[PDB]
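Once you've looked at the hints, dock chains N and K against the given chain P.
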Amino acid sequence: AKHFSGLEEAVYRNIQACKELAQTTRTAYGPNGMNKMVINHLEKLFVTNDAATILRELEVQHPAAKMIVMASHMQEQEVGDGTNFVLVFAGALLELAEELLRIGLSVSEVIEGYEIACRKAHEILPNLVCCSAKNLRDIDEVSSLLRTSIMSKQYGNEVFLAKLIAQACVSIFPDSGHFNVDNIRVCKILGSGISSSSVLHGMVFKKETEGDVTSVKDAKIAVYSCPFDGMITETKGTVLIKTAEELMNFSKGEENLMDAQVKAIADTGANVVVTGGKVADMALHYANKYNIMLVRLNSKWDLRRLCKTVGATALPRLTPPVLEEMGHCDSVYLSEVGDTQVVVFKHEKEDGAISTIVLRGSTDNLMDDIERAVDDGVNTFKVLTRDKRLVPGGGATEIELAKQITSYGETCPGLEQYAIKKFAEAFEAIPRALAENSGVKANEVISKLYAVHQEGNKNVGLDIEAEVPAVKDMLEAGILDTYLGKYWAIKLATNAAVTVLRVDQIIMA
Amino acid sequence: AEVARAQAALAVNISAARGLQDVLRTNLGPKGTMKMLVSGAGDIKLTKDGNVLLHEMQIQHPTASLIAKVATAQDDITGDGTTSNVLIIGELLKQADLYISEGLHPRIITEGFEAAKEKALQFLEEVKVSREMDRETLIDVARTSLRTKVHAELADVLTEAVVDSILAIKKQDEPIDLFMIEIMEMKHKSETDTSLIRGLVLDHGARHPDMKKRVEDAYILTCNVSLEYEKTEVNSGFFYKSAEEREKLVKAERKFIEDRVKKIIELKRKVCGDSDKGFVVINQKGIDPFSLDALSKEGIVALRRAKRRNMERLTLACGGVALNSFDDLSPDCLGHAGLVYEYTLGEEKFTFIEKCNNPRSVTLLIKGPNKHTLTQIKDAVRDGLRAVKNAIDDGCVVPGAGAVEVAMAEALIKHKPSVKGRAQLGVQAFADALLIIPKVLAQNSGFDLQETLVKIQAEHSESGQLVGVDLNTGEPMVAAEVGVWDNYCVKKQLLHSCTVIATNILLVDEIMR
Amino acid sequence: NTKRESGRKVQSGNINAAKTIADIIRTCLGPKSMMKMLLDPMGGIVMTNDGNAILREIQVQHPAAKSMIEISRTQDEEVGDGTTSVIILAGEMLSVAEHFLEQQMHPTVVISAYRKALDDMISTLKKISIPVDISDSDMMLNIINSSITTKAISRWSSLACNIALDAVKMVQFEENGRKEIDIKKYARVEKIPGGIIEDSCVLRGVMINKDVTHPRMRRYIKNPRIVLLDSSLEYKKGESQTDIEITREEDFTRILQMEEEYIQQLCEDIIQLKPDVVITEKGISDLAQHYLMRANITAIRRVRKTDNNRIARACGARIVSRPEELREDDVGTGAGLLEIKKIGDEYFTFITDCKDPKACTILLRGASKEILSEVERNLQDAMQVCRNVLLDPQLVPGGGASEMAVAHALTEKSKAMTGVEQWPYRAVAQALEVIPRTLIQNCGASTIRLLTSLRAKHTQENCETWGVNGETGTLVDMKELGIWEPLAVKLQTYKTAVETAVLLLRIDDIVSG
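Protein chains in written order, with the deposited numbering: chain P, 19 to 527; chain N, 11 to 523; chain K, 13 to 525.
In short, the hints are calculated from the structure, not lab data. There could be a bad hint or two in this list.
[As the list claims (entries may be wrong)] Below, a list of computed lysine-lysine pairs in the DSS-like style, where the Cα atoms sit at most 25 Å apart:
1. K265/N to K254/P
2. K326/P to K197/N
3. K199/N to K138/P
Just chain P, same shape as in the assembly:
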């Protein structure tokens, strides 16, 4: 770092971050998501509509922001819609908390008041348990619950994506009591429409498939990054291609060498060779005759997905597999995935933990936007598995916490009296984020929600009914939340907010 003086980090650094955070979740949160352009070190267009992703990609130069980054990342694992919340609740509380400081309120006196308010907020949340639904045998129930999560993360086809994520997540384990984070793995294959994406189960290798079939039930695999150019460690790993005379004997010789390799795996157990290494011209010929599958050209990502599920372990050497390097899948077969030929394995009773949604788009640009919707939606299913408490649609949750917190200023006083009040406004930052998206007055949005006085129903979503004002029931629309989502978000948000607010000058020479 660099040196600082006059307790600058508290007044100055805290508000710089607030803004940096702002408007990358103050318009890509709620019922319509919005694209932001991120260019990475290998430059390409990348559209983000998700809070956790855009921060991983950014290099945080502010030390004030970095705390807040970590808490968003916990929330990415845990909810995938409490991740959008960390930023907006946290930034807003510091802006308001700065105002209090000027009056003379001490930094910790306010921190007391935010903490009794948070415990209190959590007491209100069982009054914001409005209806309970949970069928994990029904695609129909699941899709409505995910629907507000994926909405925030996409501007596209909301309804169609909701059926694909629901179909994957239910179908894999409809009797599980807990679900996994890498239970669904993405496969990102080029071509076709967005609404031409589909659902398979088990591992898909998105890279080239060759050999020739020979089984559809015996799906034993052995995983290598070791090439078959002429690399074998049971004998010598040297090639002879630097001499013209030898190179010719070697081309002819590669045929027989390849037969030794293929058998060497298979006999001890394989039917499909997983090969991150490369398969020569002559090599490709011997496997076609012999009739063992090849899944050629596998990058590190492709091989790791495979290893983690089956417990097959890769080496850069080729020797017959021991049992720890052997995996098994319930099935394999060769059929097109989205209308492109690949290998599809099945897992849904072997160990599950890998389903595949094929993300399609004639360009990689269309795919990233749907990558965010599914990946966040994995972890939203993991909340609905654990509990059934159903929390109304976005932004309709937020009003009631604000109304009962205002009561909390009046009944408690102290020097915490002020802090509690700004805790109240700070939950209103979330529908003010929707007012800022809609581009109409903040104040008018807030006015309608208090006037009808409905608490757990009414909010201004993103519509053309949000342009000339109206209010709508987000309790009944297929836009629902869950209890734990909000319980986690708030807890880690208040964790993050308070602790940046403590900071004082960096002392260095």
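This is chains N and K only, laid out in the frame that chain P set:
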């Protein structure tokens, strides 16, 4: 080259010293605030702990070196109070400045500090009173000692936990912990938490289907290196650099593996019978799959990944002695732990050893997924274990939260010396230096810093009461009745270390480039 | 290259350089003290009461600065104290004298005034020197104690006394009739790890710590005989290179054993003849030592010829070629005790010796290994007062009273004599008086008013039996107070200072080539 002489030169030293203390003024009590420190190495250390902040990086001055040197002395003995130290030295200097600037000598102020200080050590011996070494009394000190280091919430979680660590001595009373330090750190759901595990816990463990999960009669043999190579205590080389080399390394691991396992199964039979008691083996390196199958089936619990730091502690706890080879060892020299059980939480395995023969090791398990949380909670534990440790050793403890500061100041009563008045300057400056501790709590809290202090002086006038500024509301109170007391060791070593440092600053009137 | 600058221009540059050094050390001397802080170029803190230390670590300048470093080094070698004193005297004299007498115009007269102030000073200071006995310990006790607490040590004062006092007296020179000055090398101190004061022995002889290092090398023989090479050892110890080839394989084997073979031939000679001590000035090894231990003969190794010949007088036996050469005794007795105490696996042989030149290395023990260092410094100051008393039983009852005593003495004489000499002689009178005035600066009040009472006291009562102490800054009967300055330090410090100030006055060219 350049040389600054006389009172001009002394200014250059004291002004710097005062400015460091001003920055750190923000810290102290829980109504203080964490300070963000970034050295030149990245990473956000969020520490309010003064000792950590002085060492990792701090403002360059000559006096930067002095505030750290005394921080170093304080921490090592007592292991609390390094925030506290900073602020009194500062306020002493302020007072000393007013007189020299009038047209007085640095040296006469200095001598009067020595007279002043000596009366104050003697003041401690009266004001102190014996309090229990029973668990709940130590809660009330632990609650206070944790609060001067770090924030309120962080202080509250650790109170009960830290007390149970230091209580599990053998009636071995020292100021510091030496072997009850074990740091285990975990990225977990709970954002901040500390768990009490009594006895020494092992870094990771191996588990097999046939292995004994619950073991009630564990004869530990502690081994080091390894089942990969016979006759070793440090690792052997490797062969894989060529294609041909790979095959060889794996093939002769069969011989190495084959020699080792034999030793262990024959020793198990002497000690346990067949399977009638349980046997624990400590691998500090890789465990080969072939050996995991045989040991596990047999009734032998293999453990994978232990430290050299576990190895030292394990020996004291079980009564066994270390071996660095997997070989036979006499039943006598094996340790006994009467319970071993493995709790698998998150992605790590914590295997406990409980029923410790000799408890001088305990383990605190730090939760915190985030880097920012882990650094807060973990660094509070260390200064916390040693704080409470001072209290159990100490037979007498002193009332706390500025209780003693205001008493000493009034008693030391102006116009008591008459010798030359050289003593008068010092005894007068030292009165106001002590009263920094009220002042900084009052600054942190509502109302004006001196406004709360004059009410403390007034209540102090009423005898039968030691009155200071609360840590949790910044108001006047009888400290004693609330329970907020601080160990003797902090308060004794404070006086010696503050006087010497600030004495030397005034002695410096030549600073050479 | 050549640089030309002439006269009074060069002579100011000298003042400028000297005085800046002199000022803080003028405060550091006395029984009150200051600190000269170095700000290092690498950073960090080093601070001393000694100006030369700080000059050495950085800042050397052409005129005065190099002169002050060089005279002060000679001073350490001599008495061992007063290293501090020289530099102040040299700078105050050059400061005060030069300017008034140059504007008037007379450089060479000033050089002759320095002589007349040297002549006066010796006579008057010797009259006030009071005889005490060196057969009465309680008298020597008072003087030696002051030297210790001039460094401000009172903890380790008592221990220094008991060792030093007896020990230096036994040191002679190799004239043998003296006694007197026992300048370092004929007195020394060497330290042994850790220890405590109950492990301290008084040692009036010399100790060899590379004598009996094993429990199979000489136990206790009251008087040993040390056998010099010759005909019971050999002078040889090396490898032969009669014919050598790198091509030859057997050459590598031959060359390395030839070292070892030679050592066995030396060590076999001692075995066959039976010494009880052998001395080698070449320096044997551990491994060479081993062969001597089966015969039960101690080796003294890593020594030097001047040490073994003095040590032979001390031990109680003269230098003999072999144990079969026995002729007329140069010393037939010399050691009163042989004592051996073990710390680690290294044995340390103490040998008490009376009235022989020796080397007189006395034992010491600190509280720790660090403290051995501080203890060794206090003895360097203590053994100095023993050589002072042993030389001249007459010594000053000074205490800064002494500088003052001479200063007033000269003022009286300048007035009486009249003549062209009186103005340069009056200038130097005053230079000497600046110094005791600074001691009163630490104490308080108007320094010059207090100094006036000293002036009146010198003619009326006494010069310095009733003098001034710098800790009171008032007149105190210096004899009753038991603060006495060592005459030997004051005599030499004042001789060199005039000369270094006199050298700079003579210089009126500084070239840089």
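So, going through the hints one by one against the coordinates:
1. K265/N to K254/P: holds (24 Å)
2. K326/P to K197/N: holds (21 Å)
3. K199/N to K138/P: holds (22 Å)
The earlier numbered hints are all upheld by this structure, with none contradicted.
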